[PDB]
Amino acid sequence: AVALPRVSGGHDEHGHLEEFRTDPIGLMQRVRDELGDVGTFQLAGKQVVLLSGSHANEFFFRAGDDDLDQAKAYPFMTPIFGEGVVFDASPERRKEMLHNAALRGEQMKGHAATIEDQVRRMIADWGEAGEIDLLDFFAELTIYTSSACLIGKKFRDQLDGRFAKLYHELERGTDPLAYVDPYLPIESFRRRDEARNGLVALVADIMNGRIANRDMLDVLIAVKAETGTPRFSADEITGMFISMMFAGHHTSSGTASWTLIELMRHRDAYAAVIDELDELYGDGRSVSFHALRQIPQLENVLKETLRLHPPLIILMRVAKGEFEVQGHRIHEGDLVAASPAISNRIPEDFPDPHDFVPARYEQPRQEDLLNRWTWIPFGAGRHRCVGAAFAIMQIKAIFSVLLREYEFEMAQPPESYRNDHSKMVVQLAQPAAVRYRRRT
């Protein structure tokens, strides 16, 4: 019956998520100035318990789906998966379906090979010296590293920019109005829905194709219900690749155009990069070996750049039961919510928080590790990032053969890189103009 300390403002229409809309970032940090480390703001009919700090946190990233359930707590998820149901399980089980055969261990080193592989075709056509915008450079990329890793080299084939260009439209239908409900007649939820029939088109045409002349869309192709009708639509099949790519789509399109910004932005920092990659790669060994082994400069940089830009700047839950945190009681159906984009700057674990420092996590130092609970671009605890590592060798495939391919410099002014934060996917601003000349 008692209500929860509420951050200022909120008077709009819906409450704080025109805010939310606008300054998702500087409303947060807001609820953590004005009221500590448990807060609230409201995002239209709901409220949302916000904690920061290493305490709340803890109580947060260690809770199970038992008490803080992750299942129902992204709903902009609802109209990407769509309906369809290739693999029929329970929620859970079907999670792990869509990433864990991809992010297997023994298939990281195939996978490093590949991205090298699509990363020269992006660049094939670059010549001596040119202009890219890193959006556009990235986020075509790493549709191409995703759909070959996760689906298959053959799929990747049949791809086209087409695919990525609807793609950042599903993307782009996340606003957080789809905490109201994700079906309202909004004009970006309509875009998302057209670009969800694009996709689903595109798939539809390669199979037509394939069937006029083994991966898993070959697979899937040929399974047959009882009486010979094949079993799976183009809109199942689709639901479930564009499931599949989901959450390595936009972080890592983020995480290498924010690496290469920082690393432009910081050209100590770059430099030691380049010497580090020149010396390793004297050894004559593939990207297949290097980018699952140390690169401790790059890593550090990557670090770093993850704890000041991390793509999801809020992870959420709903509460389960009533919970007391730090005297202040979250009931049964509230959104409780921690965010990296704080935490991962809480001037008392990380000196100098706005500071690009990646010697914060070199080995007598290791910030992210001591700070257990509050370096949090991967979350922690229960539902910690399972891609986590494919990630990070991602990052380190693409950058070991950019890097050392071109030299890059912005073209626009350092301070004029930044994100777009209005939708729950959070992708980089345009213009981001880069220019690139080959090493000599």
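Positions refer to the first chain, counted from 1. Rigid core: the largest C-alpha set superposing within 1.5 Å between the two forms. What changes on going to the form deposited in another entry:
- Superposing the rigid core between the two forms leaves a single residue from 155, 189, 232, 356 with a C-alpha shift of at least 2 Å: 232.
- Shown in the overlay between the two forms, fitted on the rigid core, is a CA shift at residue 208 of 2 Å or greater.
- Positional change of residue 220 between the two forms reaches 2 Å or more at the C-alpha, relative to the superposed core.
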Contents of the next structure:
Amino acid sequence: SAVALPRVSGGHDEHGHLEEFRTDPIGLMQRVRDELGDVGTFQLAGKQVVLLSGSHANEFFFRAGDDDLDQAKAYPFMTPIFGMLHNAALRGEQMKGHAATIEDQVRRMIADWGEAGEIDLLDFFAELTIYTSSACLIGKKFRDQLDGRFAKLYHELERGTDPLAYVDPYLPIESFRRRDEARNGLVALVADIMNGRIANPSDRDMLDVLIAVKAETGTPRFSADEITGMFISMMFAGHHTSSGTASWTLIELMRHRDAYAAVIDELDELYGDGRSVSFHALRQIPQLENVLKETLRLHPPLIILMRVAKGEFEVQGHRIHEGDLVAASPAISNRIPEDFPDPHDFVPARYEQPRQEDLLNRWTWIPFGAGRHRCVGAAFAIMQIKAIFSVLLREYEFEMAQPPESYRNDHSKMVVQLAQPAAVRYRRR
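Next block: the form deposited in another entry, after the form deposited in one PDB entry:
Keep in mind that what follows is only the chain, not its partners or any molecules around it.
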């Protein structure tokens, strides 16, 4: 019985649909839903990906236990990179402080901005998010010993996630080589901070905690190599997502001056009570929030969510087998026509009380995913954007220095990022 799941057209290239997935993954995924519907597959090298879409299919996907759809082995490119977080830095009691930390990191970042100038959205926000994450999730003391170097290396790590990892995480290609060398540079970086603390024993941070943990032998339990990895781990899920979202929030505001105007008036109005960013970032900021939600629907940082099937299951009559990669796609589900009218349109109103399309499509509006394993950093990420823009939009006004269309994502790697250049002009309000 040579029966198989329905497969999307194409896949002609050497590694099937891989070549396409590295160029236009969203187009490939839309063609799957368009030709096959809710359940369809495409081939990534040797592996088959079972792409689920639509409310019913996604519900099955998100309500499944880690015993059915495991995430652990779904992203082999993470092994070389790495080599819970919630308890350490995401406790609600900590949000207020993180709001202040973030505000401080932003003001520090733009400190040399002056009157007017230009920045690159990817460069600015990517580095800014390294500082906010490192400062909040690990500690300011640690962040203060970091600079553009750490950021540049961390970026090489993210550019080391070419879909070819599904063939082998250690292929002798350039991106995988750069990835390994970059991590080697991150260890040298962390080791230097570690030796400074040991040679010269106060506010304590997560690095202090990891350095102090002793093995039963009495010897320290973690090496510089292991600490760097854990640190890379703590910041990975929150870095490229925040950087990208921040970039696309400013891009959309700039593309739609009407939304920009509204956000600005509301911020000046909100802050008119004299309270701080750490006070307002934890509280409602409607216009800004709806622009954010609309930015996440149109440009979700994770365009595909992966899993490895453990058992034998059936989704809408189609049979999934153990070993199959099962996948959900926020890029695709977030634009399903019947759930989000004019899906390709930037319509913040979509989330105002009268519609709240985000809450009426619990299994389709999945920029943060859904179910039990819905992004645990969601509240932090929202607070961060509020905190970041409360500072930027009040101090500076922005404008595009390139055609509106040239602002787009780079889909060559599993981790999505803004293509360059992404130049933007700024000027003090």
